[PDB]
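Given next, in structure tokens, is a single chain: the form deposited without the ligand.
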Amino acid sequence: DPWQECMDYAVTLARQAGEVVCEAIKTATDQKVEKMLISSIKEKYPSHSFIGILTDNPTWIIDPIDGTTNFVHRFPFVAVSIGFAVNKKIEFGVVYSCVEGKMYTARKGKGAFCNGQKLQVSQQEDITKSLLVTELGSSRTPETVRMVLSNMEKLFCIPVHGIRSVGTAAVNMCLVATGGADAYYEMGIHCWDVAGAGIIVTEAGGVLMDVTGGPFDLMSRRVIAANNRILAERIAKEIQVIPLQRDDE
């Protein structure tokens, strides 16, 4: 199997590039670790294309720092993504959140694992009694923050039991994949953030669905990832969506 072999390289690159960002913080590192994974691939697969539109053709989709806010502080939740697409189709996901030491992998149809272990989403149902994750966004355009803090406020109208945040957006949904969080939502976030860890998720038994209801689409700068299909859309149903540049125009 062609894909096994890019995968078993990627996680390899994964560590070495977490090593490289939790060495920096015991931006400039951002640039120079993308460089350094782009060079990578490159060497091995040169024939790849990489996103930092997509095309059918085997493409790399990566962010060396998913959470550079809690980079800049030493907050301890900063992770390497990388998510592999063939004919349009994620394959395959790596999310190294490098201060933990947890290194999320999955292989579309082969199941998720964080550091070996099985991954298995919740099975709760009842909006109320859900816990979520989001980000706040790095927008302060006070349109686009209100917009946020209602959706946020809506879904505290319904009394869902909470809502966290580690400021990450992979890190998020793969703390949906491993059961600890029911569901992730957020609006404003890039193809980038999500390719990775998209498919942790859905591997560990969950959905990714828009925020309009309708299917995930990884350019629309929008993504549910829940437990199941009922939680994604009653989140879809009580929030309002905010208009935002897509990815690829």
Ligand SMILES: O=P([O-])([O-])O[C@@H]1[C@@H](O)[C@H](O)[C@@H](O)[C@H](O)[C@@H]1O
The other form holds:
Protein chains: 2
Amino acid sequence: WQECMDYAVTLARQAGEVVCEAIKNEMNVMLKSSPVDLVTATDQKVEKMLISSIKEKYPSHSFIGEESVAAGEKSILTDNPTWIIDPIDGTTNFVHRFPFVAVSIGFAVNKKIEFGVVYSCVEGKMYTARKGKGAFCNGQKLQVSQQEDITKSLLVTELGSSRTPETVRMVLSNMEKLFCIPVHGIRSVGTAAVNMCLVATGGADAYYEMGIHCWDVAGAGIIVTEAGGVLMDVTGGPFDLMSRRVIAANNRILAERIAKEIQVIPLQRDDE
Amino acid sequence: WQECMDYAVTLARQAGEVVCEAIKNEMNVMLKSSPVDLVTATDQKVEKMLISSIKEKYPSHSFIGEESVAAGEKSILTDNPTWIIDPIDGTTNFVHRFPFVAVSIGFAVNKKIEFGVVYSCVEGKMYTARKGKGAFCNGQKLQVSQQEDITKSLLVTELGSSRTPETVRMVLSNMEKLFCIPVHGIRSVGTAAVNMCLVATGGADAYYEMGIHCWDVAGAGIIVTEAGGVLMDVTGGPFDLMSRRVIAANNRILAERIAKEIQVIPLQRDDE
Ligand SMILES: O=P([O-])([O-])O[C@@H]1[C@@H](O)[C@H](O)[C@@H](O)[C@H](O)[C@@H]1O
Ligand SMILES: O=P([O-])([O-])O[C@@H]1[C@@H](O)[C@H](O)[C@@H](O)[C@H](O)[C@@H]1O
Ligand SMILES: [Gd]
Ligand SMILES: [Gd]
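So that was the form deposited without the ligand. Now I'd like the form solved in complex with the ligand, please.
Starting with the chain above, the whole complex follows.
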């Protein structure tokens, strides 16, 4: 898989180049499932580039990509080598020129992530992680923080892409519950992949969200775990990649405390 | 004042060097008025340095600083030249190594800000602005966004430092109103001065908050205005540096629409 991975880092750098040239130019902003679910031409062409490049070298492999699943392809994860691609994680940031946009590639064999690559092109930061080998940013090794006390922790989360009132209501009240524990604070930079890479560096202690997709988190998940952190479902159980929920923490102590505090929001799975 | 200003830029870059070497070392964290109201040796160290060097060169000038006020100095603004200083805006970010911390200096004469310098040391970003002379980031000229439609805007705000349940419920309730207009999104980077600097560059369309202080916003306010933005009280009234409240928007249409939507929290003024 190291060949696949070496190839992946090369593709991520190239697609990052395209994303960061486009971010300063004029854009065609179109709508996906709602007025706040957006897509530009750059989302579409970068995903096209990546999928057809990988298919060339590795014609037997499977793909799950955002814009492809949007085009009618299905998100069904099987045992076959599958590349899980978000061409632009943080499309709303991109459209606004808010300076956090990531290219994300995860690679799963037997439904387990083997390596992940996250390229934050505006910052010039390349995060990579291979199962068993550690996590790196620009060739430097990452470690999660050591905080075990929730009342001294800094959390990252997002409000999400739903404006359904009851949903929005549970998101905000889950926030209030954690805020008033109290925790030191809560941050939102606008993309799941970068929020998670900030946990891996030890800049934040935990990230949680409900509503994300498998493509938003596949690459960054192995970066957290290889840096020493943990992935978990909001029930407190095992992380389920197709479930649309994630807690990504420095350790199980903080992970479990969050799970205990927050209420589950009902969501259709990626595999339904 | 250009000599004062050139001096200020030199001082901010210097102090930024202290902050950003300190951030990679262990801190003893201390509390002020609450368990989420944090201070370290560096906040105090840096403010002392800053105030000595200025009044070394400018004996007649007045000073307002966060840790000085915590040491019993009073935050009254006269017509005298006054340096308004936050050594570290983003102390909780600093403590955690969350990569957004700023040194902030504003300079007021006759109770109006003449110039402002904000140094985001981890990114190596120096934002400066002088009345009538424009806004710059590392030599590059800033311009706010053109967005006049609130339904297509991206906002920044912070949950703040109060854990009083009445206040917190108001903060989130105001959030919910705006989120559900709907706006494209809401981000939180953890420091007012950096939040406001993101508005000046055009990356975010507007920032608002209640509960901040004159030292959090004195430097970055003139950077937004010289980039073409507007400042305003959340009441709809004129911005008031001592009122603990601010909207910093790209334009009047957005600022007034926000004031309309949100309710005011009663706050103790800085000059009281
Ligand atoms: O659409 P996108 O920018 O690729 O992915 C985004 C995620 O990174 C973010 O965590 C989530 O809150 C947004 O709703 C959206 O899903
Ligand atoms: O205390 P500090 O780090 O100098 O300044 C911080 C501000 O930048 C931030 O906008 C606010 O939400 C925090 O409560 C705090 O006031
Ligand atoms: Gd995306
Ligand atoms: Gd401060």
